[PDB]
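Asks: As a plain string of letters, each chain reads:
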Amino acid sequence: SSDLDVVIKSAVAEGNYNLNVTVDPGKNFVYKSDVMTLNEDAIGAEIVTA
Amino acid sequence: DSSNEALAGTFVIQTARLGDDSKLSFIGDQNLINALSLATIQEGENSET
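Residue numbers (the authors' numbering), protein chains in the order written: chain D, 150 to 199; chain d, 547 to 595.
Treat the hints with caution; some may be incorrect.
Here are the computed distance ranges between Cβ atoms for each label pair [to be verified]: (1) D/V155 / d/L582: 15 to 23 Å; (2) d/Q576 / D/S182: 19 to 27 Å; (3) d/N592 / D/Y166: 30 to 38 Å; (4) d/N577 / D/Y166: 23 to 31 Å; (5) d/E591 / D/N165: 27 to 35 Å; (6) d/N550 / D/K176: 43 to 51 Å; (7) d/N577 / D/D183: 52 to 60 Å; (8) D/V161 / d/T556: 38 to 46 Å; (9) D/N165 / d/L564: 22 to 30 Å; (10) D/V172 / d/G555: 23 to 31 Å; (11) D/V172 / d/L553: 18 to 26 Å; (12) d/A562 / D/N165: 21 to 29 Å; (13) D/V172 / d/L582: 29 to 37 Å; (14) D/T171 / d/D566: 41 to 49 Å.
Computed far set for chain D versus chain d, every beta-carbon distance over 10 Å [as the list claims (entries may be wrong)]: (15) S151; (16) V156; (17) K158; (18) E163; (19) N169; (20) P174; (21) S182; (22) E189; (23) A191.
Simulated from the structure, these hints should not be mistaken for laboratory data.
Just so it is clear, CB atoms sit at the ideal spot from N, CA and C, and this is done for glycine as well.
Working from the sequences, and respecting the hints, build out all of it.
Replies: Dropping the structure here:
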């Protein structure tokens, strides 16, 4: 596989090992920015539903 | 599965005689031999005459 790393500390034994993986997921990060407002003289347009 | 070839992408090397005569030895440069990285998975045993 291309997503497996190995680090060595002491004497290793031998052999071919087969691994089985099971997962239980968690959560992620959500960032919020602040409100933006216009200057004293600007003009804007949009399409809004009503 | 459940045989000598359970692993994908590996070389398997054998000999057609029995006993100590079937031992193999590999010699060469250090880097090439390190890259090959041979290992033993079965050992021979003597006959009974």
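Asks: Hint numbers the structure violates, sorted upward?
Replies: When the structure is compared with the hints, numbers 2, 5, 8 and 18 turn out to be violated.
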